[PDB]
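Let's start with one chain on its own, the form deposited without the named molecule, as structure tokens.
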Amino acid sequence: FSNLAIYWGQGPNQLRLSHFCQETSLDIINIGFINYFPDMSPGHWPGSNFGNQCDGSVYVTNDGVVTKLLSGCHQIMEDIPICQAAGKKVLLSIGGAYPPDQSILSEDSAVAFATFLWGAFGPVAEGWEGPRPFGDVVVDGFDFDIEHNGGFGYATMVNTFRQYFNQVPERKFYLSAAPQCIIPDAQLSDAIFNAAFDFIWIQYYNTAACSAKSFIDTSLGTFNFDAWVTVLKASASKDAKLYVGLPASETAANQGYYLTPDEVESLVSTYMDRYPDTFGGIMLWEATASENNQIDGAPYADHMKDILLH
């Protein structure tokens, strides 16, 4: 009943999306990334990057300005309906690690950013005369993986998305956030406090103070999933489910943050038992690292799902 989410799009030499659409264990796939924001990007359109995917072509604006928005993502376009046919939720992720200089400058551009992404990647609409980078494909929602430059504007984007969702009552869409473990989180505590996410996956790697590893070795820090449950009570996101985000291999994150499946099992046993209504499951960074980390003939993600269903 808990879920397994994973990121795809930034894996070196990654297999195409359809491979992970075929992986039973995955419930949610976050495609990264819309990594360029309109206030500082060429042509003031969002920009995208999906690693080795897409043919390099980019849209241009009505006035001929070259954008960073990829226009030839044929494999992604073919593959998303496969994930949805298999019953997976496919979310488009905003931000990611690179580049480190992107932010939102105003309420206006926050609203317009969400409007643009809804038009480009949400439902097809006759009055939309803009780009459709995945064609007639409609994503299941948007993930906010903001990792740099503070928390301005994201609550507004989230509220804007939600108002758009409420105009399509026959279909459910989703919003998620990927804060790091320290509270307050510089990028997303504001959005979490002021707007309502469906899912929040706490990245429990790369910060010594509160990592998942510190649950295993308590001399390293203090795992603070308890604090995250608490901090919700207070928030617009009070009904969000919280996921433990983990590296899927020894090298997907900084050294010392990867947990063995037995270590995960111990962690998940305690926390799923303690918070049966709030614990949502596990998130993994990331698809290729999972695929390349075969344990007893099965990728890391499959062991994670086994733990969740155990």
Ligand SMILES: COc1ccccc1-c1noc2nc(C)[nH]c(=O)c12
Second form
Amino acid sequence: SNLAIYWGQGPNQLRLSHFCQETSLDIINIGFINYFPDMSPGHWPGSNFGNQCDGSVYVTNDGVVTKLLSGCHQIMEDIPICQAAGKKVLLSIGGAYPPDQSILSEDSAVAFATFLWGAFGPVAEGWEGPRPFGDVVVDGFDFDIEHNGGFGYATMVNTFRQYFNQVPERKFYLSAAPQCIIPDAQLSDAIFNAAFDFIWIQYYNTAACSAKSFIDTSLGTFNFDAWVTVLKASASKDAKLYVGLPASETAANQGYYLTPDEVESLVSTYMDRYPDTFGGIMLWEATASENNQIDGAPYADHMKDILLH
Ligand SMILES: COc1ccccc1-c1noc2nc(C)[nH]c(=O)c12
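Would you generate the structure of this protein in the form solved in complex with the named molecule, following the form deposited without the named molecule above?
Then the entire complex follows, led off by the chain already shown.
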């Protein structure tokens, strides 16, 4: 039913508003808040959106240079277009670079979520901190934690929910991007102990359980069945599960991209098998989709057709 895509790390990517105009996209995850407070300058989080933003950064009130970008003008301009078009825009935390970020304590997990809520959530009279996207309010937060284990993330999720519940008139969302092996070293703890709305399983780069292994069963064993089972047991039991795929041949490691016809064979099986739990498709990522035109349309448009068929 829904199609989610990452944007922000594509080489020479088009600006976000280009993807705000793409009807087929339902959810866009903007990557990334990639530096975490415990190990970053000023103890502020830091951000990177590839070729976007003017390169300026915030300083702390004592003059310490942070890694949080302060001139993301096109992003600020573009998010409201996405939302006007009915898309959900989630700010993604983590991403694969750098490899050395984690959360060291319960207190800092809570403080990280508090900061992000203040900086990127609803505008509040009592916040005197940075507003990197101005008066824009994101639709929630994606946990793309790719290194260093699982500590802290459940606490962050729970903290965000407490905050969401103070704004009962607006819906916000939380998501996670585990890889396919169960247990997932970064996110099984958060999925077991806290409640995500969406979970997109990355079904590329691990041979044991990839989407490609549905097509060629000699490679591995595609394990969406196992993920349904593990979720029914978790605090995330009401999450919808998405199949995460590369949007071109070069978006991930060699051998993990599926043709539209291959995706249709997988999705038809699994959407039929799990009509309530199967949420849709997630794509890595917007620029690879856009650059992979098939019969005059980007890969993402072909994915939505499969989902609606
Ligand atoms: C290890 O793979 C990566 C290294 C650096 C930057 C991005 C990736 C990456 N490849 O597929 C991905 N998929 C997700 C959800 N997040 C990522 O960071 C990546």
